[PDB]
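Asks: Listed below, chain by chain, are the residues.
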Amino acid sequence: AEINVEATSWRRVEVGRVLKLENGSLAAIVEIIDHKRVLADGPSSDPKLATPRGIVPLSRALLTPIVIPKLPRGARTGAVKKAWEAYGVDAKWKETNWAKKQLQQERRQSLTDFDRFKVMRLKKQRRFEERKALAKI
Amino acid sequence: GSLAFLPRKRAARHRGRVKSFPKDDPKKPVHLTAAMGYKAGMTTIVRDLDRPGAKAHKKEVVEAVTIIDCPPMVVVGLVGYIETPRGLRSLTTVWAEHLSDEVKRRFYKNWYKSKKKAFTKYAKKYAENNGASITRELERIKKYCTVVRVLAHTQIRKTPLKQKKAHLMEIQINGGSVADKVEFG
Amino acid sequence: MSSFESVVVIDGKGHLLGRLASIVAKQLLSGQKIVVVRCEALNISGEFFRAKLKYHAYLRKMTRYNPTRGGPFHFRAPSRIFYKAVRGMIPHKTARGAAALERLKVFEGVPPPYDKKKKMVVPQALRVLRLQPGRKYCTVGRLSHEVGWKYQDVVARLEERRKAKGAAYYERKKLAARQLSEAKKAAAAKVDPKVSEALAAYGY
Amino acid sequence: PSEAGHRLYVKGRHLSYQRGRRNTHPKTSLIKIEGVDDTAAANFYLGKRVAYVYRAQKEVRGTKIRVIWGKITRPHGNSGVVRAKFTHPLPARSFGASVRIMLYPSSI
RNA sequence: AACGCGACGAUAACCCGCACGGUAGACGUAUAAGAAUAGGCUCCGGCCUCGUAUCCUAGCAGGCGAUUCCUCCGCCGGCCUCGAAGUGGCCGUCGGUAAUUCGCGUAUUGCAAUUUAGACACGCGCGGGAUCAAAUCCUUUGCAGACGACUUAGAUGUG
RNA sequence: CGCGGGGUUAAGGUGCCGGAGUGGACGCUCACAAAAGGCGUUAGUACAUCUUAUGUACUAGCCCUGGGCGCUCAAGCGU
Numbered sequence: 002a003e004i005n006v007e008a009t010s011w012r013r014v015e016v017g018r019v020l021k022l023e024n025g026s027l028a029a030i031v032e033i034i035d036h037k038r039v040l041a042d043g044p045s046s047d048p049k050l051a052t053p054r055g056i057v058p059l060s061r062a063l064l065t066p067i068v069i070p071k072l073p074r075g076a077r078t079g080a081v082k083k084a085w086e087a088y089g090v091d092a093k094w095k096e097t098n099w100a101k102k103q104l105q106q107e108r109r110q111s112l113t114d115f116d117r118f119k120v121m122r123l124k125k126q127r128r129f130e131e132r133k134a135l136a137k138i
Numbered sequence: 012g013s014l015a016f017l018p019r020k021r022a023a024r025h026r027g028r029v030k031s032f033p034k035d036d037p038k039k040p041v042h043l044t045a046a047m048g049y050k051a052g053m054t055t056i057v058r059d060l061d062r063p064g065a066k067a068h069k070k071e072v073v074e075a076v077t078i079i080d081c082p083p084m085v086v087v088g089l090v091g092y093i094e095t096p097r098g099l100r101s102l103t104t105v106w107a108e109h110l111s112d113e114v115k116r117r118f119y120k121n122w123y124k125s126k127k128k129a130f131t132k133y134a135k136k137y138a139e140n141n142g143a144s145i146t147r148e149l150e151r152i153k154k155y156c157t158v159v160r161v162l163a164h165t166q167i168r169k170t171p172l173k174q175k176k177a178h179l180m181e182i183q184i185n186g187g188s189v190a191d192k193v194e195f196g
Numbered sequence: 001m002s003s004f005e006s007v008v009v010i011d012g013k014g015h016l017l018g019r020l021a022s023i024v025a026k027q028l029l030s031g032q033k034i035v036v037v038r039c040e041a042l043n044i045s046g047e048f049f050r051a052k053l054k055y056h057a058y059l060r061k062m063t064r065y066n067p068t069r070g071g072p073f074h075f076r077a078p079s080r081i082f083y084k085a086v087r088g089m090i091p092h093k094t095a096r097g098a099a100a101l102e103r104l105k106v107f108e109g110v111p112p113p114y115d116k117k118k119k120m121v122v123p124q125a126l127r128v129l130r131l132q133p134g135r136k137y138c139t140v141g142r143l144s145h146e147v148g149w150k151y152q153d154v155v156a157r158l159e160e161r162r163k164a165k166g167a168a169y170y171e172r173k174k175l176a177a178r179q180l181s182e183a184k185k186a187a188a189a190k191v192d193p194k195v196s197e198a199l200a201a202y203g204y
Numbered sequence: 002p003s004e005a006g007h008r009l010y011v012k013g014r015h016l017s018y019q020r021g022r023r024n025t026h027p028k029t030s031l032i033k034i035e036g037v038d039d040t041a042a043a044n045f046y047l048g049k050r051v052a053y054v055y056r057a058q059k060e061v062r063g064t065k066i067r068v069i070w071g072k073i074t075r076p077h078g079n080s081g082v083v084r085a086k087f088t089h090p091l092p093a094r095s096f097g098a099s100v101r102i103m104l105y106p107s108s109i
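So the protein lines, in turn, are chains LM, LB, LO and Lf. The authors' numbering runs 1 ahead of the 1-based position in the first sequence. The authors' numbering runs 11 ahead of the 1-based position in the second sequence. Anchor point for the third sequence: position 21 equals 21 in the authors' numbering, and the numbering is continuous, going up by one each time. The authors' numbering runs 1 ahead of the 1-based position in the fourth sequence.
It is worth saying that the hints were derived from the structure and are not from the lab. For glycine and all other residues, C-beta sits at the position ideal for the given N, C-alpha and C. Among these hints, one or two may not hold up.
[Stated by the list, open to error] Pairs of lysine-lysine, DSS-like flavour, derived with a Cα cap of 30 Å:
| # | chain 1 | residue 1 | chain 2 | residue 2 |
| --- | --- | --- | --- | --- |
| 1 | LM | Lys124 | LO | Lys190 |
| 2 | LO | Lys117 | LB | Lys153 |
| 3 | LM | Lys71 | LM | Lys124 |
| 4 | LO | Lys84 | LM | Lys137 |
| 5 | LM | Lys125 | LO | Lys116 |
| 6 | LO | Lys116 | LM | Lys119 |
[As the list claims (entries may be wrong)] For each label pair, taking beta carbons as the anchor points, the in silico distance ranges come out as:
| # | chain 1 | residue 1 | chain 2 | residue 2 | range |
| --- | --- | --- | --- | --- | --- |
| 7 | LM | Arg122 | LO | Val128 | 42 to 50 Å |
| 8 | LB | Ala45 | LO | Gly134 | 32 to 40 Å |
| 9 | LM | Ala136 | LB | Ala138 | 44 to 52 Å |
| 10 | LB | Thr95 | LM | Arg13 | 48 to 56 Å |
| 11 | LB | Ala138 | Lf | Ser99 | 53 to 61 Å |
| 12 | Lf | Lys59 | LO | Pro111 | 55 to 63 Å |
| 13 | LO | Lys116 | LM | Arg122 | 30 to 38 Å |
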């Protein structure tokens, strides 16, 4: 009576699932409209992560592993903000690897030409300790 | 006349290409696939028939046969064939020492005007130790080819004919892995 | 994102025929050299038998074809089925059109120049990105094999050999991935950590 | 030794002239700048100098290199293609040939 | 396929004169798993929207001498490897070699007017004196022959 | 409707040939002729059972029968 099934465990869409829009802002689903549209809201204190309450097309969105546990359905902006601060969505999103890639990307894009000359010089110094280590092993 | 043979055209080659070989499987023993002979003549045979269902059982069929002379076949060369999306192709061919006289006059056209230096720097390559190339060439046959045909000729010097020019064809070795049929070759 | 390459090699597996042909023909006219490998692994949408009528329909509307250049010749290999697609998308009666086809170079399987090189993919012509999941599709290899292509088992066996060589390539790349990651961890203790934070504050 | 490049230009390709179905006007040319994909990126390259460099198989100044100079006038389409006007129109057989887009005049 | 192709055998030189140094488009023209997309990878810790990545990248178009480093690159040999339309690895010789820290010269090319720098085919291509190797022709032959056409055999020999 | 430079358009178009979107939203489809045959799919209407989800007939789509290349979560149709 042993069953070994290796299938794909996708992420549910549900009330409480927070999702990522393309502008870098998060929103918590509070009621599902159709198979293609849900209505969501992000009450984050961060100006970069805030999202107005409204319809989010799921094609434009991306499902994140974070989920609010017992978010009531159709909860108004105050009630989602209460669950937002209690569960700490912003802290969990910063730990999420998707945000580190975003923060790496933004810091890379803000590099000026003179700070680009550091990195060319600076990776060269780091690379030199890499090669005597690589030649050792 | 049959449409499968018309339009009628002369054979562009006197010997005639075999055009088809039996299919090869490794499980059989190593053996060759063809030989050349010389049409000497034809005679009469009486035979004790033992064919079931035949009213001529245990009786004397009179039949006509042909006598095809077959001189011992001197083996001179080996060829290996590699498989390509544009069909089969020659990857390489290899020969031996001491190539006999009548096989060069096939390689030539005017024996008497020309002088005898066919296969000279090839035999010099065999004697002056480029053996790594023959080690390269024989192993190249082992590793890559999938069809190996041997190169051998008949000898006029044994058979009663007024010619002296030899006759070359390629004869396959089937029945084995690619490793076995080259060491035999 | 609109980068100019010397030659770009397109893997043909899982790519739709005419969408790959339309993208390739625009790059050839723009001045890009194209090499297509695995033309036997291309895909044509719809069931196999729908591909059979349009093969029979093309031979219908042409009285007295040339046996060597056209007619059923074009369907007798997968490489030249694709070449027939790109040629109808390019002004072949102009010298600009002839020049664009000389930039193209199509193959069945992966020849030895191009198995050591990098094979890219075209997202806008991928079958699994453009076709609905329930829709049925055919392979151009089995289209040409049922027309008269003779080397389907040939290109198969050379490809299963190429996988075996590729298996040894990863096993060498595995060991390089161990040593590179180990050397990164090993030299990080003596990496002068005034400068390690400098790279982290710059994105590297 | 440096072992570095010396390129100070963006690479481009001469696509075609300004044309309809069948009426081509040679006095304006179409350039695909490498890296530009929207009309927004094309707005950076407007009024930048553009050179077409080729070889002629005769030395007139000790060199077989000849240059035709021009400028990027306006964006074209939605895909970042730009319109270029040169002192003389580009040949015709340069359709799909390299074009050097300089970074001057600069407003950065 | 006489206007497709592969392998192999045998294969043209010195002297004198004299004319010039292409390519539908190099400028870092760097990057090899396979396979699936109702899954997959792995260092077995974990990881995958994102190639928005990785390598390389400073100096007279990149000098000289140091301090200083045994890192990187290149050429020849050896050992192996690569054949679907052939190539890379390792070792050794030699040459160069900002990971770090300096002292020397660049100008008046006078505020832009070509950044005259790669790869391949042979250096482009020619006229008179100068040498092998074959074939065509010749004689002959008959398994071939309407005529052409085809095939033997002629130079030392089982002629 | 004179000869030129620049800008904007109409009718038509923006997958390639071909300048311009493999653009965005929502559905449907896999190729003569009649109240015609569909145990193909979707959309709507009218009747009947039910702790005492269904099953019968229609209406509307649109399909099976009655320029090249190529396309099918379209490069087809409607807005």
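Asks: Which of the stated hints cannot be reconciled with the structure, identified by number in ascending sequence?
Replies: 3, 4, 6, 8, 12
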